[PDB]
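For reference, the chain that follows is the form solved without the partner chain, supplied as structure tokens.
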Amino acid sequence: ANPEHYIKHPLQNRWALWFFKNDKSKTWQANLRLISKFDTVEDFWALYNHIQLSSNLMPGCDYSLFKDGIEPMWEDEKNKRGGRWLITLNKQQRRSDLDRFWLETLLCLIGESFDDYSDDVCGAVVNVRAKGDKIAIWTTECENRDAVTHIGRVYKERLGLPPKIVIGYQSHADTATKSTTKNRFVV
């Protein structure tokens, strides 16, 4: 039997998709829910095609895609010393860019797009918010300047962002202890 004709295409990592819905009745951790996991190309698309586009979520929702075993929270062992490359969208870009950026971000993750530094990647998060949406790739160590910088440059190019745009990298330790947070790095 030729495996090319019937086997699914395994991804390098198993990934977990999480959903968050704002409910002021509950703690933030209590609002976070794991949706399902996948570790093949075919199961990724089955999941993606089943769920709402980010642009159709009510305000205050997040999606997070993280490597299996890493919860999408600062407190996780693999995030607490890490940080994130932040894409900040204005209100008009929810129409133009939110969904295509998020899908490109998903592919950067599952397709292992950062060469040897894809091991520093933990996951990605999209925040759907009335004041402006955000997409971010989370990495495991905010001090690994080489890995962080490589991921930032590849990511910015893969999104198609012009050089008129600067994106910033922020430590979670800064984000947790704080409206805005300083950048450690920019590309």
The other form holds:
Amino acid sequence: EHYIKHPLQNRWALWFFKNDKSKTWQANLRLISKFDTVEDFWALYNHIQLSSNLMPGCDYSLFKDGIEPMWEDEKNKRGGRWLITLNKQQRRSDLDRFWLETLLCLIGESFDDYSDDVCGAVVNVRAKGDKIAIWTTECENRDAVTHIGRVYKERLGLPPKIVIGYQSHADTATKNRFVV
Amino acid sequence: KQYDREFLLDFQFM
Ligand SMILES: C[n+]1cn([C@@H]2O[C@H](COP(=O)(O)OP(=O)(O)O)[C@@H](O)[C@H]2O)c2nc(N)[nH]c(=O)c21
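Form solved without the partner chain done; form deposited with the partner chain bound now:
Then the entire complex follows, led off by the chain already shown.
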């Protein structure tokens, strides 16, 4: 009853980006591992550097197998992302709680009917505040983007007075198409 | 195959 593994709906790949000024952005970009069970997810997560312990300029990306963590990818080019910008913390370490929660929404297929629209999530650790975002395939699918948004905010425990925004990738490349 | 947050967390340290 707990000896058998619990398979996820999708196979996910964890990517890591090291901001080493030696080779194109799409270079320091590396795939760390893939997993398709709850057990294997934890075996990876419990054994990799916490986001709060990553140095400035690095990112972690959890994306569905077959979707590279880049705007240009076929599943991201017409899509966008729900973006949360966070303050840096000399203590607290809340960045880890937010990222893990995000990971749980992705692997647990928390977006029901619209989990297929989800492409992945990215956490950027930067000197001026960190960022967490959930990428989706079509920035046009209003119902899907919007549902994913509401569920996510709730899951992050964000209050009614806060609101978060969704920006198209084509826009981030060149405001929010949605807000929840 | 969906999974509740609480369910997923029960597997982190077993
Ligand atoms: C997510 N992303 C970021 N970049 C490049 O990375 C730079 C850094 O953007 P960022 O890492 O998303 O946040 P930051 O500004 O706080 O560092 C962007 O200005 C682009 O030049 C990207 N460049 C490509 N080609 N594809 C991507 O998906 C992509």
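Basically, rigid core = biggest C-alpha set you can superpose within 1.5 Å across the two forms. Positions refer to the first chain, counted from 1.
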| property | result |
| --- | --- |
| Large Cα shift (2 Å or above) at residue 100 between these two forms, core-fitted | no |
| Core-aligned Cα shift of residue 164 between these two forms, given in Å | 2.2 |
| Distance the CA of residue 31 travels between these two forms [rigid core superposed, Å] | 1.4 |
